[PDB]
Structures are given as structure tokens and as C-alpha cells.
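A single chain comes next, written as C-alpha cells; it is the form solved without ligand GSH.
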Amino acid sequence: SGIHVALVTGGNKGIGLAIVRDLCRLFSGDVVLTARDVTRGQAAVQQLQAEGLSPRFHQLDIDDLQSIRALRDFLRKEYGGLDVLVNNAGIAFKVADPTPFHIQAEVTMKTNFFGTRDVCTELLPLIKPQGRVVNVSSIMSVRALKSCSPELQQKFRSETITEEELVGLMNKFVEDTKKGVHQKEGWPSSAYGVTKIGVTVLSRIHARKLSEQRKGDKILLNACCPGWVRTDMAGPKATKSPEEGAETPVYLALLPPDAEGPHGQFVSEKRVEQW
């Protein structure tokens, strides 16, 4: 015991796998690969074992609170909590999918925003002093933000938005798309980008909370943009490999002890971007 733990959601493929890999290399202590599918998770653990690395495995579907809570119990029992969390897991419908737009909004939101949020609700209390939390968002959240009404821009830029208020903006977007009024209600047209506005802004909220509640515990929490990366979510035409895409999340997960930041930032290519 006293052994440090890092954990990645969505770890069986894509950028998440790559993050697990570099944490296995760079992080002192245990690295937990999580996957909603067991057999996908284990296959990828076997992948990493063939490269000479030793991740641990736990099941996790961020869409299931009982899965998240089982994961929470395991971390308390095995480690007394958590040093590093990376919220990597997410989904995007491709644009030509004929699924009704309101269903794409709702489904994407449920995982990207609401699943991420539940994991932070359950796991943040376990985060240990000198810990790091990394929420993988997207540069598309910036593009979605600027396509919002100025009135929605100001809410989402606010230094004092509360988690409850963000929850209701996220729900509003979904509800508006269903009633066929989101354009008029000032929303942008990317359901996905809106969920990452979700993630980007939760991060800012959560960072403030940690300094309100846990000043001195030297905990750093940030959103990031991994770049355009070649994974099941984008395509073979994307610019970065999964490995290149892991870079900024890994950087934010291993920020040295007692570093003063970045904290509550939106980080792309290891630099702080404007929100």
C-alpha cells in the first residue's frame, strides 16, 4: 500500500489506449486500464503485455453509475483512493448517420457530458494530494462556443457558473433539439461540440471547487484537446497518431509535484488556450 495509482476511462482503444501505454512508461506506480467491454479491455491489456508493460484492468461503463460505483469501491479497497484520473471515454455520431439529430444530441450528451460528470462525482472524492485529473474535451468545443449566441457565450465563459447551471444548459440543448428550436435558442449545430463545451466547462467548475474545498492538497485539474487523431472516431485521414494524441493528456497527468498550474485550463499542444 502507499503505491500510487493512475486510471484511464475508454482505455481499450484509440487515444485512451495510448494514454495507458505512456502512463505505464512514465507514471511511478500502478496504471489501471478500464473498458466498458471486458474482452476488449483484456485484449488491450494483453497488447500492452506483449510490449513489456503491466497495466491492471477494471471494468467501467461511464454510462452506468453502479459500474462507476463498483470501480470507486475497488479503488478505496486497493489503494485508499486515486492519484491520477483521465476522463478519456466518449462518442460522436458521424454526420451522415440518419439517426434523428435530437437522438444524437441526447445520446452523445448522456455519455460525453453526463457519464463524465458521474465519474467525477464518484471519483474526485478519492483523488489524493498531489493528484491530477484530465478531462479530454475537444477543440470543437471552441468552435461550438463561438457559434453560440453571445448570451450563451457569456454563460459558458463565466467565472462563476455552477455545476447545476451547466447541467441545465446541457439539458436545455438536448430539449431544444427535440422541440426543433435549437438554432433559434442560440445553439450551434454540432451535438458533439456542445457536449465538449459540457466537458470543458465542468473542468473549470471542478477546478474552482478543488481550490475552494481542497486548497493545499496541490491537486491540478484541466480539460484538453488531443488534436485530430487517427482512431475509430475520426478516420485514417486524421493528422496525429493515437500516440501523438495521448501527449497533452499525459503531460497534464504527470505535472510535477507542487506545480502551481495549469489548473482549470483548456490545454492544446501543452499550452493554455483562451476560453
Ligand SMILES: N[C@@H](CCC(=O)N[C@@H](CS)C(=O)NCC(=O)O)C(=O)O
The other form holds:
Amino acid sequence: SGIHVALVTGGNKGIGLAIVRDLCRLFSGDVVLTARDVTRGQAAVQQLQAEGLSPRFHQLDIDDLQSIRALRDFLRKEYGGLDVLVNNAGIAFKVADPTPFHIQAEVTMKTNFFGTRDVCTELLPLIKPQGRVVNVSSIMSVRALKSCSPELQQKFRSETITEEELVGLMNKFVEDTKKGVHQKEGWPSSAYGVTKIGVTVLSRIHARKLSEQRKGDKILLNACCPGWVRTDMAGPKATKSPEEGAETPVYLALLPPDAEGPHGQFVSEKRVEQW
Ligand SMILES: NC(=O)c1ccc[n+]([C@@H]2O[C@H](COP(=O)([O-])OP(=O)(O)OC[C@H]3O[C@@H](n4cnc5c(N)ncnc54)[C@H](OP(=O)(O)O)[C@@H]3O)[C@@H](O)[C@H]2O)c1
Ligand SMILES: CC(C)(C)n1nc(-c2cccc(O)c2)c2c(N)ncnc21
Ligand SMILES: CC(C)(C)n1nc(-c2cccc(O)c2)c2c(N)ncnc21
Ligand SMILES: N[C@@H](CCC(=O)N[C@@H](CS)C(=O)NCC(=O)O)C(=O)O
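Starting from the form solved without ligand GSH shown above, please give the structure in the form solved in complex with ligand GSH.
Below, the chain from earlier opens the complete complex, with every other chain and molecule after it.
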């Protein structure tokens, strides 16, 4: 059939850029680097061109629904869909940030959970058979899960939870921080960690829906942690290079055709972790 296409969100720097670079070399088709800032995105494309690579570019800010929709329309028009989607874009307040916690919660949740969700709402319908979806979560999601109340752990581990139930819970965390009741209500103290619970559970729900609604289509969807990577997020003391951080996401993006799994798993260092 037609030309295959892979796309990475937050592709202008850090792990996203390393993922783009690797897909340029390893993905059999076009690779679209996306970035919210057009200047930074184009600069990244130029960087890869100087390395001998040929990524395409399209603007994308996962917090602007019009930007997501424009990208959706582009993919439909130019490719008739999408083969690989890497939801890499994410943010985190610094450990030392004095920003009031409730603002940290609202802002981090807005991008990491709601932005990622919005991208999936518009782009999952475009995924072609044998496609792969990779959601970059964090081992912090596993850590944060342990600090939730037993009641919340049960909900987050549920095999029957719906996307709309999860949306309610994520917004509940944010609202609870605003009311000064998040601890009493069973939430952990890491806003970032809770947003990544959101990403992990969203992955589990979307994998279920793919298996239930698109049987036979051979689509695999997983959450992952890239490990601790030297980027503008984690800082210079981290143990992995962006190259090393890209290995697990690229692995999940390029699972060979007809492969049975992993599917709906949380993967770290190419290995399935218990949720
Ligand atoms: N140790 C680690 O570094 C580590 C570990 C586990 C998980 N992660 C996860 O790995 C992913 C990549 O992080 P990183 O370490 O590479 O961080 P980074 O260097 O800060 O890069 C983050 C990328 O996401 C983009 N982004 C942020 N908000 C966006 C938005 N609203 N719309 C579109 N793009 C947006 C950023 O664009 P700008 O350049 O415009 O800001 C940048 O391209 C994140 O999801 C992070 O949570 C990182
Ligand atoms: C073997 C892969 C495809 C992973 N790879 N990686 C790299 C590579 C090497 C150093 C840094 C980097 O980001 C990527 C590479 C290269 N330069 N030439 C040919 N193949 C390369
Ligand atoms: C700060 C420590 C070293 C605890 N850290 N931070 C992170 C980390 C840093 C930035 C983002 C993230 O999701 C996690 C991390 C990791 N992924 N794996 C192991 N250790 C990690
Ligand atoms: N108070 C924040 C802490 C978030 C956090 O742990 N940030 C880490 C990455 S996940 C970070 O920015 N580390 C680098 C640094 O602080 O220099 C929250 O609750 O979300």
C-alpha cells in the first residue's frame, strides 16, 4: 500500500529528538518531527539534516486543540492515516519550584494527561493496521501508585475502568489540591507522578479498546519509561544519554508485524513491569 508514516510529539529536543533520529534510520517510511514552537522544530530538523537524515516537520502543541486538529487533517490528507504515534511530549516542575502545589497539579495535568489524551482522541482513529502507539509515561507512575490509598490503587489497577472514569479521577486530583484536601482524599504528593498514573492507565484502557474494537488489525499500544535521561527535564546528573533513553520507546514503536505483544503493558528497559 501507500507510504508508511511515524510521528513523534515533543520532538525538538531531549528524548523526543533522539526517538525521531532513530526512527529516521529504522522506520520504513516517513518520519514527522513535531514541535509546539515552529522555530525550535525547524532547527531540530536542520540538525538532523546535517546528520544526513530527512525528517518531515509539522507543528503540534498538544495543549491547543486547533493544532491537534490541523495535524489530524494533514495526516488524513497526505497519508490517509498514521502508522506509528509516539506520545513523548511532557512537562515537570523542578523539585525546588516554589509554585503553589495546586498550580503545579493543574498545569502538569493539563499537558501530561489532558494534552496526551486529546492527541489520542484525534489520532487513534487514524491508526492503520499493524500500527504501533507508544505513550511515554514514567517509572514515577509506579512509584506514585504505591502512595495512593488502597481504594485509588484498586481503581487505577482496574481492568474495567473507562476513559471517562479516569478523566474524572485526574480532574479530582487537581480539584482536591485546590481545596487543600489531596492527602486526606488518598492522593500522593507528586503531581507529576499522578499525571503519569494518568498516562499509564490511559494506555491500559486504550489497549483494551483496541483489542475489543479492532480485533484482527494487529495494533500494539504500550506505556513506557525511558529510564533516567540527561535532558532539560531531568538535568545533567542523569545516567542515560537521550540515545539510551530512546531505546525502549523505539523498541515499542518498531515491534515486528504480527507480534502478539507486548500490548497494554508498562515497559521499562524493554521489559514488562507489573502494574
Ligand atoms: N529522565 C527523564 O528525562 C525522563 C524519565 C522518565 C520519563 N520522561 C518523560 O519523557 C518525555 C520527554 O521528556 P524529556 O526528558 O525529553 O524532556 P524535555 O527535554 O523537557 O523535552 C520535552 C519535549 O516535550 C515538549 N512539550 C512540552 N509541552 C508540550 C506541549 N504542550 N505540546 C507539544 N510539546 C510539548 C517540549 O517542547 P519545548 O522544547 O517547546 O518545551 C520538548 O520537545 C516526557 O513525557 C517525560 O515526562 C523523562
Ligand atoms: C544503529 C543505529 C541505526 C541505531 N544508529 N545509531 C547511530 C547513532 C550514532 C551516534 C549517535 C546517535 O544519536 C545515533 C547511527 C549512525 N551514526 N549511523 C548509522 N546508524 C546509527
Ligand atoms: C531523581 C531520580 C534519580 C530518583 N530519578 N528521577 C527520574 C526521573 C526524572 C525525570 C522524569 C521522570 O519521569 C523520572 C528517574 C527515573 N526515570 N528512573 C530512576 N530514577 C529517577
Ligand atoms: N513538585 C513537583 C516535583 C516534580 C519532579 O519530581 N520533578 C523532577 C522530574 S520528575 C525534576 O524536575 N527534577 C530535576 C530538578 O529538579 O532539577 C510535582 O509534585 O510534580
